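In the form deposited in one PDB entry, a lone chain appears below as structure tokens.
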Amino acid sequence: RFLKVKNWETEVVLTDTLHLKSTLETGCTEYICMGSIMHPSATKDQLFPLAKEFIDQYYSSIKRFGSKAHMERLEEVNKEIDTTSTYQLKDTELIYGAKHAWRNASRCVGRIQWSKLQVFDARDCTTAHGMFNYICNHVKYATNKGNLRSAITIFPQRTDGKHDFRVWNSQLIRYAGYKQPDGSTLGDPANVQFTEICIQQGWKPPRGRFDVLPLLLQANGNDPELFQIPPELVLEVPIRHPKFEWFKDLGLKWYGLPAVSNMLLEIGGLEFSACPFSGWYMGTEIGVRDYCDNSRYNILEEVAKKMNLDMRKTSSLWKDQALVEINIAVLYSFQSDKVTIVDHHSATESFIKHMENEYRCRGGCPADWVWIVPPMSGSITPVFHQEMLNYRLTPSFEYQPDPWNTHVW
């Protein structure tokens, strides 16, 4: 059926037909909704229909569906699956597939940019040193001296599952976290486990609050190897406040390049277990989640102190006051250093325009409201009032288990 979504602020109604293309599960049923669960829920015979589905939509996308080239490609793919139990994507298909995985990412508010994505084909890589080289080139290209450019680097696809390429880091650039004898945590508590693994593998830790972690890289199923990203490639921003001259004394900083490296890219039944991709930050990612989550840097209290807020009662909203000032500081700092960043107002506005585009040209846009709405000031952004339909389309980015929970050394 045709499904309608309404914006309750503007009363705009859009009609979704694109959901009729989904063949993957969301996790919900008729009787239970799992919309707020973070992670709900080949063979030759499994592989060909997936391959075919994808080749078909590619040839449909370039308006040569049912052409000689299309027919020929299907036959070529079939033979390849027969003789080798898999197949290799064309360069054009790899690029189409990676852009569409981003386009289909229901949780991403930045998708208006989806067709501007620099794709680096790294399928000829064989060793962790090669992975390191490719990742350095990615970081340098994407960073671009502060004028950030969206990019993805794609390593060889899974074969038997015993020879996976994996970036063990959850992001290319992250700060270490250390357990202290007195029970507290220095640096980023999110990365304590990963940090311990690096240390055991031989990394010499500086034991600071913002130590850039080394890369831990796994090629062809072999044991992962450590590498230090050259420091001149790691762009960072000291956080200061435009009004509070004391804010810089907090000693806060962050890195300019958000580069998620732990997801799995699926295109046409093929699985790319190492596919680091990066765009640029939305301010709240750092200012709200990274700095203010209780389980992260958890800085609200320190900031509220310097602001001399009365922190005795929750109803003083001292947390909300400090939260805004911290996010002002992050935006101000990235902007002053000419490092690309977007605020949550601008970002969500662009997303609404994006949805409108996709409904017109594509018949819809899968979107996860739980993730799209920013972690602060929700209802003063336009996405809060926008009904969204969430459904799964392929190509897609997927969660995968942490490699230390699967790897035999």
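Residue numbers count along the first chain shown, from 1. So that the term is clear: the rigid core is the largest set of C-alpha atoms that superpose within 1.5 Å between two forms. Only residues modelled in both forms are compared. Compared with the form deposited in another entry:
- For the set 292, 329, 263, 339, a Cα shift of at least 2 angstroms between the two forms, after rigid core superposition, holds for 292 and for no other residue.
- Taking only residues common to both forms and fitting on the rigid core, the CA shifts of 2 Å or more between the two forms cluster into a single run of 3 or more residues at 287 to 298.
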Second form
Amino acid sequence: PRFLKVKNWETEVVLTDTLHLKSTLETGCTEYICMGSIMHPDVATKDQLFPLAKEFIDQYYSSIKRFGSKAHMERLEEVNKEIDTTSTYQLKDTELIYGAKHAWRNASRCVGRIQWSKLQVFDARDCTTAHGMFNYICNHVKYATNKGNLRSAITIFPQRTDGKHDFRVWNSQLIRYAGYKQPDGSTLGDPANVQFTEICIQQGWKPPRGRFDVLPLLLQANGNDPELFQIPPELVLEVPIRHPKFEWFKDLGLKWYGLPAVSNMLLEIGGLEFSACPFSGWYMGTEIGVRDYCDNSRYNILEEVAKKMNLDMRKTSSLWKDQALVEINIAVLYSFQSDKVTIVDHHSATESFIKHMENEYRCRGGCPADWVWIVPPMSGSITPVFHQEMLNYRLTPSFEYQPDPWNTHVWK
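Now the other one: the form deposited in another entry, given that the block above is the form deposited in one PDB entry.
Below you will find a single chain and nothing else.
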């Protein structure tokens, strides 16, 4: 039916969703199963591409209040002849900007979407080589960082053609720390990044073999083999982590980078596929995964912090893990704030998202939202999103997962 209702059980506020009617592709759920906690549940032909392009162009001309206009009809005819003759088409600059903002606006799992309209779009579709990709990525990092006053941005490289000429950033984020598995089984650096670290070493990277080695960019242009580049260290803003009360916390030697910039996702606009589209914002404190690091040869940060807090770690019901996790997250927010590097705590981010979601229900007719990903990884129920019912559905333009490029790349 046309209307779907969601309720906030703290405030009793009821919102009516009609935007779900524009949902495009399946969720994986059926009337008899829900896959809401499942992590994720050769190119387009001509006849596949015609309706996807028309739907995006219609949506674009509706958004600028020119629906059915002469320019709308002429744009549609242009796109159709272009697909008819070249099996693909090119977006105008305005449509590219529109589509990237709306892929962020449509990202159900993103709590930071109140900012969606302020995204800075860098058009890199004239790029032809990995050196040019490096240039574009350096400028993006410099612009987005802005000496700590972080600005959201995306850089969009050429779209996919036949599938054998893809542009790809092999990094999962533009800035991440290396991880090195030792022979004795322990891990030095970030354990999340051991596989990609091994790939870089294999491609020729000389690793410093420290705890916080910024990984090199591994960049692939036009389907060619990827090439390694070192980001200039002055472009990488970092924050040492200290605690406002625990003078010993700085002795852990922890730091983190300021700029979260995800680079392994695919951007889909009007049936066109931008397989290289790194996008960046600023952190929510809880995301910063400094928790997983190893302080010594056995204990991770959560254990090491609790040990220095003199907590009882023999019983789980002493809640020493919860107590230590709070102090770690206090330290993260204090350090970014003291250094004037943009960051948002989870109470502020979730209060903003509720305001955002309400505005979207009124002005747009709904807001696709993935509760499983929107609720913060700690203190869930004391944030306003916990008691908020949400509807999840897939609108396009969208950001999508894609397989890792080392699994598919045909080495030259």
